[PDB]
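This is what each chain is made of:
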Amino acid sequence: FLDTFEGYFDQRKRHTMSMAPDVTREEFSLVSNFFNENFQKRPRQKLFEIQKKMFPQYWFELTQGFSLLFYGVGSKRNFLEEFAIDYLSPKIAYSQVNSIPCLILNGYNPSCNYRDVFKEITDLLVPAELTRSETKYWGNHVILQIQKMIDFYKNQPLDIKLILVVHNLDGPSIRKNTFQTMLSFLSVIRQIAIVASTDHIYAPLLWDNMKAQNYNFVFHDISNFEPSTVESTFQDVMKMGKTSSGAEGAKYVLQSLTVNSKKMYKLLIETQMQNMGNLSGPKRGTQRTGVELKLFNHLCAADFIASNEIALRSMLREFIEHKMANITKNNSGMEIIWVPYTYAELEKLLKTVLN
Amino acid sequence: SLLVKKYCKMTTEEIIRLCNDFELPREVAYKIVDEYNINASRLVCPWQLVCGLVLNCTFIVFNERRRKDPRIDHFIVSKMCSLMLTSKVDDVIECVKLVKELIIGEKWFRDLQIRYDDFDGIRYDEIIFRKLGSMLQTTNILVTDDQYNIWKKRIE
Amino acid sequence: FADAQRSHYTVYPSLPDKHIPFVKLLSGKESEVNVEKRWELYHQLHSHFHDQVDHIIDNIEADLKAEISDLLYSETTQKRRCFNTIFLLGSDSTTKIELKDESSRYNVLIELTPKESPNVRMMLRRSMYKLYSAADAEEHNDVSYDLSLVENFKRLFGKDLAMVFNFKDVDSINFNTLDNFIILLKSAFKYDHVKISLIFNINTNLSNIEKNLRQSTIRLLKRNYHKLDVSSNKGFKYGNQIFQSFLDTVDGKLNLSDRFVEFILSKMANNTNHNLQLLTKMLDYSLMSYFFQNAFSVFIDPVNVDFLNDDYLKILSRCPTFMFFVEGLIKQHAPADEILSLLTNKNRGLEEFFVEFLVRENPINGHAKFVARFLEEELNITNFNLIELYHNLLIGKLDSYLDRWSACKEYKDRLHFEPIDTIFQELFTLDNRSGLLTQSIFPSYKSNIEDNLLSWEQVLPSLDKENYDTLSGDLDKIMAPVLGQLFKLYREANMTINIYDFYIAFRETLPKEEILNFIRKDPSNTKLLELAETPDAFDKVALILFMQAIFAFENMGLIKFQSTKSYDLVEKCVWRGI
Amino acid sequence: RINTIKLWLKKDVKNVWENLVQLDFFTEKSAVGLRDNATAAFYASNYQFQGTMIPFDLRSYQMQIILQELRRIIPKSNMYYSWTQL
Amino acid sequence: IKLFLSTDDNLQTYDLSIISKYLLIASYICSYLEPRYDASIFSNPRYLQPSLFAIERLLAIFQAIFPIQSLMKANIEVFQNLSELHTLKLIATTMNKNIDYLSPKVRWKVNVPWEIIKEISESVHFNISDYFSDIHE
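Protein chains in written order, with the working numbering: chain A, 1 to 355; chain B, 1 to 156; chain C, 1 to 578; chain D, 1 to 86; chain E, 1 to 137.
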């Protein structure tokens, strides 16, 4: 007997993968791709066409101030992106010329921070600046500003100005209470439509009564058994998860980059591990062990990677945007470049892709 | 007291006769006897398992004739209190639900449901939309079209 | 480079009357004007209901503010060395306490959330900063943010001090630092120009605070304390107002079904902090679904009654209540011409029938309020649900609901009401029988995901007409999706399972011939062909699929890995039907 | 064994428990009294200790005076002198 | 005399839902009773700190002890009530600033005394004392 608490009680009462077949990166990639885009392409396409007929209902529910939550088995990334960009935004734009901007949150990324997300939201829709009396005593300038947004948008026509799409809301860095509180407070605003998706089976455990009231979800089940190739990019599949490091996504970026950018990143990693070894394994990279931008410019000029500091900053913009390297100003006023990965991760990056 | 019998011994003749009297095709009956042979290890109550399994098989094979007539299925369970001689019906529900739980994911049951288009008694074209959460579901607030048609035929 | 590898990348779509989310009904035969009329009617009803709901919310806020202010200013006389304590029992930190503007003193309201209270020093600094800022603002150099500001307030501003602390989430606040802060504030009682009042917003009973506070602080607070039961659903007083607002919105136009009210009661009984919001969401979604799904909603107003069409007729004829009425008519008498005209035989006639029998007004939507009003006129009973009263009136057990008070026996017959079954009632009815309300608002998350995994045939179409042209047409029939088949083996397995044995079972339950034919069915990819030529190609392919499926299950929290030194055994984390 | 000693209840013994803790007859199971530096004290003040989270009844304490010391100090004529020898 | 007989120094413990009350009951039973549920039941040790357990065990015990309707599945409402219970600090975890409820390494424990859980159990007419009387009264 199974499928019941009694089954759990009944079941809750020396081979290794050493002798399992050996598979290379290329073999795994090609087999997975061929079994992802050719196994059941026709049934999954037919199912998607079937569930594409419920888009008017999704838009209607969003119009009445309901955040949409999509759960199921498979990759809902394509579903959410197509629904939002290809259907929701043009339809809202015509019903209200330019389309409604969509902020596509990639929650499966372990390097998703609410500071940058709120900066993007502020850029997209300009709020009133937080005044001196409203900053409080070391108050959270994000939460207070969002409450100011709520008060401002409470008395204003109920149009839609932004459509923020939350891919994999239960991801390693997007599941934390701080960003969940940010999304909860943003969900009160009726002038932004929220289309989120969840993959974890215990996802409802995240939200208490207050957060589940602010979200105001209407749960929709879209199971499609999709490969989820994009979500699995940011962590190794052969290790079987043996999550929040983010070094695997960095490596995946490193196969597809310019040779000059690869050389610059390799030099930065080498010098940062030199600094870490001078200081002291499992410790992350911070600005304490990092290169100064002037010193880095001198090194790159010595190695002909960058002619001037402007070009070096232009190259570093891509790595900073992808949350791969961070430039932060210390007490002395120096600006320091540091890669937020551990010594082992940097060594693996140098051995595998940067060799 | 056929249900309470423990580890009773029977043969293939009784099983094939039970399949035949409920009008079960040959291939599905052979699948039934093969499932019985492979699950003989779990024969704490062989009559219970076999009666529940044939109940589910009859529901799958004749789901659409059941769809016309709301009586027939009840009329069907009349056999279960006459042929095997036990008037209890609650134990019948117990048997059918436990055997549904036992063979919920097996390949043969899935193939039978696929080729008969049953999906727990509800066709795929509408089970997919009920699962998706569409507002346009076939709500039971009105009666089905076939019921209206047969009622009109009766009244005329 | 790739946008998928980036976080929070903004997209500006390139856009290319059909701007109504409503779709045509009656298999697409519904006119566009009918769709627009459905849109307009739904918007009218929604606007009415939510205007009344907003008025109710304003009322609850105003009444709460008035009661809090009355408790705060009660002119209680005692030896002036104690806190004026107010315990808002069962209260969420949402109210905005307003203080009277006395000209002889400075009334300051200092809010302190648990996030604003890491320790005593920061509580004091954030209280004194707020006090100084408020005093400077009201008054229209520099001080140190500590109790010396309270000591020197009379010298600095020339007016007495009336600090009112508001502890927003007392349960979340560490009670050690809260107790220390209260003891520290007790030191400010030696000044003759300061009055300190405290307001603890409690989400539980105060026994937890009694257990979590020192007995000295309990005795200090016991000198002056007032208890207030602040709750939106307290006394069943404002949920009844919201339900009555919904009834007034759909009075005569629509009839709530008994099953719908049972669903409302069940789903509100399992929620405590936020019931009014949940009730509004449930009612709004019910009205939303009714107006989206039903093509008969255009007949809410009588003006459109004449616009009934043949498809409306076909949908109408399947009315169970119409069938019951016509069987009763044929049982009482046999008028051949009349029954033929009423039936399809003279379709025209049937329309007139509807034209006469849809404008009937259901008295219950009014009567339910009248009896309700009675309970506040003579009975003086306030602890009763209007939702439960309406439910029992719909059933017909009104006397069974009324006899519990036992004080209404004298007017038992006066309040008695017998429900009637109007024909075509279920054409205009809010109900919960299709499971849409349960699936959309309170679904079975785990159960739905596990049912999708175990029984995938209800999700992926079993198409067979286009089997030949597709590459894996043969493989589709035999091989199930890897996730579903691996979940079947997952369920069949024990609580702790070796990865290699699980992989061996998975490989065993896949076939070998047609999968090897399929893997080499693409001549373009030479690497696939050369992998297939390898003698152990099937083992490698099955291993790749099993590894991908295990990664997926780990992502969805189905399994956990134990013995990370060897990383070969995993424990199941999800069992079906739990 | 018996003018009868009253048995106080839990609510009337919580105050006695707090008083005995105040006199440092009991301490927390693993507690650092006062940090050596100002920075260490600041860090400790920032941290929220697990001892304050758990309810008062289940807080694990540890004494500064052992039973043998109580036996030595307490006069032989006390009512509880027979109960200081376990 | 009544003045000098009681100190009187004190100035339905919770309004929780039936789901939340049964969740607290199941959490207390799971934490304070050893994982020997497999033998007889479901078809003082309370003087010490509560033990730790997992979410699946709590859900299984909640389903076992919940009254039948024929069994209660884990809806969104059950998980919402559990998260609210953790919010009110009635149930805690091994949290350290940042907390992720979905991590498999997060284990839960109870923060109610015996009196509160006894009152809750008697509110829903549940005999937790009979369950806990095996080891000691």
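In case anyone wonders, no lab produced these hints; they're calculated from the structure. A portion of the hints provided could be inaccurate.
[What the hints assert, rightly or not] To spell it out: a stretch of chain B is covered by chain C in this simulated footprint if at least three of its residues, at any positions, have a beta carbon under 8 Å from a beta carbon of chain C; those stretches are:
hint, segment
1, 1-11
2, 109-115
3, 136-146
[To be verified] Calculated cross-link-like contacts (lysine to any residue; reagent style SDA-like; alpha-carbon spacing at most 25 Å):
hint, chain 1, residue 1, chain 2, residue 2
4, A, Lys251, C, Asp464
5, E, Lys97, C, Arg125
6, C, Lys18, A, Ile50
7, A, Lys176, A, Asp3
8, D, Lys14, E, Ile1
9, A, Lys266, A, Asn330
10, C, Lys572, A, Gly7
11, A, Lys351, A, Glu318
12, A, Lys136, C, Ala135
13, C, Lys234, C, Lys186
14, C, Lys565, A, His15
15, B, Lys107, B, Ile93
16, D, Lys11, C, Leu206
17, B, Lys152, C, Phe354
18, E, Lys118, D, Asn15
19, D, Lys6, E, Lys89
20, A, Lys53, A, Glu82
21, A, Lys242, E, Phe42
22, C, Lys37, C, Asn517
23, C, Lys65, C, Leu276
24, C, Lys237, E, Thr7
25, A, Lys154, C, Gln52
26, C, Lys211, C, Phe83
27, B, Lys100, E, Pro67
28, C, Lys560, A, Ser256
29, B, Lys6, E, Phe126
30, A, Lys266, A, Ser256
31, C, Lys29, B, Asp146
32, C, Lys222, E, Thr13
33, C, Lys412, C, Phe384
34, E, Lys2, E, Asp15
35, C, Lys572, E, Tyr37
36, B, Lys9, B, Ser87
37, A, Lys52, C, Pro13
38, E, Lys105, A, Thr243
In this text, a Cβ means the ideal position worked out from N, Cα and C, and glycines have one as well.
Comparing the hints with the structure gives:
Counting residues of the segment 1-11 of chain B whose CB lies closer than 8 Å to any CB of chain C gives 0, so the stated coverage by that chain is violated, three being the minimum. Against chain C, the segment 109-115 of chain B contributes 3 residues with a C-beta closer than 8 Å to a partner C-beta. That satisfies the three-residue criterion, and the hint holds. With 10 residues having a Cβ less than 8 Å from any Cβ of chain C, the segment 136-146 of chain B passes the three-residue criterion, so the hint holds. Restraint check for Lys251(A) and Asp464(C): the C-alpha separation of about 42 Å exceeds 25 Å, so the hint is violated.
In summary, the hint linking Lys97(E) to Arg125(C) is supported, as the alpha carbons are separated by about 23 Å, within the 25 Å threshold. For the given pair, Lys18(C) sits about 21 Å from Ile50(A) by alpha-carbon distance, which is consistent with the 25 Å threshold. A hinted pair counts as satisfied when its Cα atoms are at most 25 Å apart, and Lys176(A) with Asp3(A) does not qualify at roughly 31 Å. The straight-line distance between the Cα atoms of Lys14(D) and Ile1(E) is roughly 23 Å, inside the 25 Å bound, and the hint therefore holds.
At most 25 Å may separate the alpha-carbon atoms for a hinted pair to count; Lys266(A) and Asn330(A) meet this at roughly 23 Å. Only pairs whose Cα atoms come within 25 Å are accepted, and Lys572(C) paired with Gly7(A) is accepted, the gap being roughly 12 Å. Between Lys351(A) and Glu318(A), the direct Cα distance comes to roughly 22 Å. Compliance with the 25 Å bound is thereby established for this hinted pair. Between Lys136(A) and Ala135(C) the CA atoms are separated by roughly 15 Å; this keeps the pair inside 25 Å, and the hint holds.
Taking the CA atoms of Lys234(C) and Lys186(C), the gap is near 33 Å; set against the 25 Å cutoff, the hint is violated. Among the hinted pairs, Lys565(C) with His15(A) is consistent with the structure: their alpha-carbon atoms are about 15 Å apart, no more than 25 Å. Only pairs whose Cα atoms come within 25 Å are accepted, and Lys107(B) paired with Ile93(B) is accepted, the gap being roughly 23 Å. At roughly 15 Å between alpha-carbon atoms, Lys11(D) and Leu206(C) fall within 25 Å of each other, so this suggested pair holds.
With a CA separation close to 19 Å, the supplied pair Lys152(B) and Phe354(C) stays within the 25 Å bound. Taken as a hint, the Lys118(E) and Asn15(D) pair is honoured in the structure, with Cα atoms around 24 Å apart against an allowance of 25 Å. At most 25 Å may separate the alpha-carbon atoms for a hinted pair to count; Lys6(D) and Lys89(E) exceed this at roughly 36 Å. Proximity of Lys53(A) to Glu82(A) is assessed by CA-CA distance (about 13 Å); at most 25 Å being required, the pair is judged to hold.
Restraint check for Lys242(A) and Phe42(E): the C-alpha separation of about 35 Å exceeds 25 Å, so the hint is violated. For the given pair, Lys37(C) sits about 58 Å from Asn517(C) by alpha-carbon distance, which is inconsistent with the 25 Å threshold. Taking the CA atoms of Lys65(C) and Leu276(C), the gap is about 19 Å. The hint holds against a cut of 25 Å. Annotation: proposed proximity of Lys237(C) to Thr7(E) is violated, straight-line Cα distance about 38 Å (limit 25 Å).
Under the criterion of a C-alpha separation no larger than 25 Å, the hint pairing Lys154(A) with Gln52(C) is consistent with the structure, at around 17 Å. For the suggested pair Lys211(C) and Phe83(C), the alpha carbons sit about 20 Å apart, so the restraint of at most 25 Å is met. Annotation: proposed proximity of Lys100(B) to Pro67(E) holds, straight-line Cα distance about 23 Å (limit 25 Å). Distance check on the hinted pair: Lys560(C) and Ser256(A) sit about 33 Å apart at the alpha-carbon level, beyond 25 Å; violated.
Simply put, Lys6(B) and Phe126(E) have alpha-carbon atoms about 36 Å apart, too far for the 25 Å limit, and the pair is violated. Taking the CA atoms of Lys266(A) and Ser256(A), the gap is near 14 Å; set against the 25 Å cutoff, the hint holds. Annotation: proposed proximity of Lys29(C) to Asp146(B) holds, straight-line Cα distance about 21 Å (limit 25 Å). Among the hinted pairs, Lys222(C) with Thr13(E) is consistent with the structure: their alpha-carbon atoms are about 20 Å apart, no more than 25 Å.
Between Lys412(C) and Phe384(C) the alpha-carbon distance is near 17 Å, which keeps this suggested pair within the 25 Å criterion. Of the pairs offered as hints, the one joining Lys2(E) and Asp15(E) is violated, with about 32 Å between alpha carbons and a cut-off of 25 Å exceeded. A C-alpha spacing of about 18 Å is found between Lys572(C) and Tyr37(E), which places the hinted pair at or below 25 Å, so the restraint holds. The hinted pair formed by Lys9(B) and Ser87(B) meets the criterion: a straight-line CA distance of about 23 Å does not exceed 25 Å.
A C-alpha spacing of about 19 Å is found between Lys52(A) and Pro13(C), which places the hinted pair at or below 25 Å, so the restraint holds. With a CA separation close to 13 Å, the supplied pair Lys105(E) and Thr243(A) stays within the 25 Å bound.
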